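The chain below stands alone, shown as structure tokens; this is the form deposited in one PDB entry.
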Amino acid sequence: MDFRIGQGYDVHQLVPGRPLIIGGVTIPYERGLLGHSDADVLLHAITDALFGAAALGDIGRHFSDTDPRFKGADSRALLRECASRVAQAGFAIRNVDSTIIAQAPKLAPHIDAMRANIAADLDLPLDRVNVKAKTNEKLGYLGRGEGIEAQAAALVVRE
């Protein structure tokens, strides 16, 4: 079978005055991620991994910060559109795995919520979607709570 792998990366700054939205989940916190709309670092990484697996460029090439069509779209809408494009390219999604690196707050309570959102948007069984969380052991801008990173891996198959 015609399997393909994709990989994704994203990072945003963490500062007072924005809400924290990760994997479609709003998470209580003094601070939030700085970005164009919701700055959903996990959904962006996943979107990138899916475009990558399909060899369709990247998230910024499909959904520009300038495009009127996506001006007020949230990252779940973008993820859904991504999934439609991957489908039309001939690919079925097999699984997604991911890691959020955040020194704080605790993400574990929210993991099943994120998985549920992602599986819904990709039309995948829940057991094909995984999200993991790591601290940076107090190293670097991640370790000082200055930003949050997401990594993603996706496997697809041409059908």
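Rigid core (definition): largest C-alpha set, two forms, superposition within 1.5 Å. Residue numbers count along the first chain shown, from 1. Compared with the form deposited in another entry:
Superposing the rigid core between the two forms leaves a single residue from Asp67, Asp123, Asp58, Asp127 with a C-alpha shift of at least 2 Å: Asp67.
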Given for the second form:
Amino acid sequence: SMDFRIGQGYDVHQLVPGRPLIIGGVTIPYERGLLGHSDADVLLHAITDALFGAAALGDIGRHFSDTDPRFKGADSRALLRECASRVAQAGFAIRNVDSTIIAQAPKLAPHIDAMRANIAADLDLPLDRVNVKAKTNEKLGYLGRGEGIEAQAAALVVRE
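Mind pulling up the form deposited in another entry next to the form deposited in one PDB entry we just looked at?
Next up is only this chain, free of partner chains and other molecules.
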């Protein structure tokens, strides 16, 4: 009941024209979107990595081919749910998730609660155990220039 473990995750994707902008499962109106083989949901990927890492199950690349042509455009919420299923199968219950999105644009405040609800649904958690934070990079670097979006995540689990 006290075999706790922590995990941490990081991800970044380029912002490009002609792609949907999907963050935290939310399709956000914007002239650009994130580039990747999947739907490129940088927030869900970072959380997925934190969960695999807390369970010592490797990482998102190990579990989900980023090159399989059948999976082009994959829904990263389906990947997050399969991650959670494998973490559970390994014997772990999720206690909480925290995360940060770093972007110059668009404004993410109107979308954060929806992201939180998506993640909570996918992890079978109440809202009070999931947190999504959003901020800019204060004009510095490629994030300041709006060339990509970063996400960070932390997860606490317990082996039952």
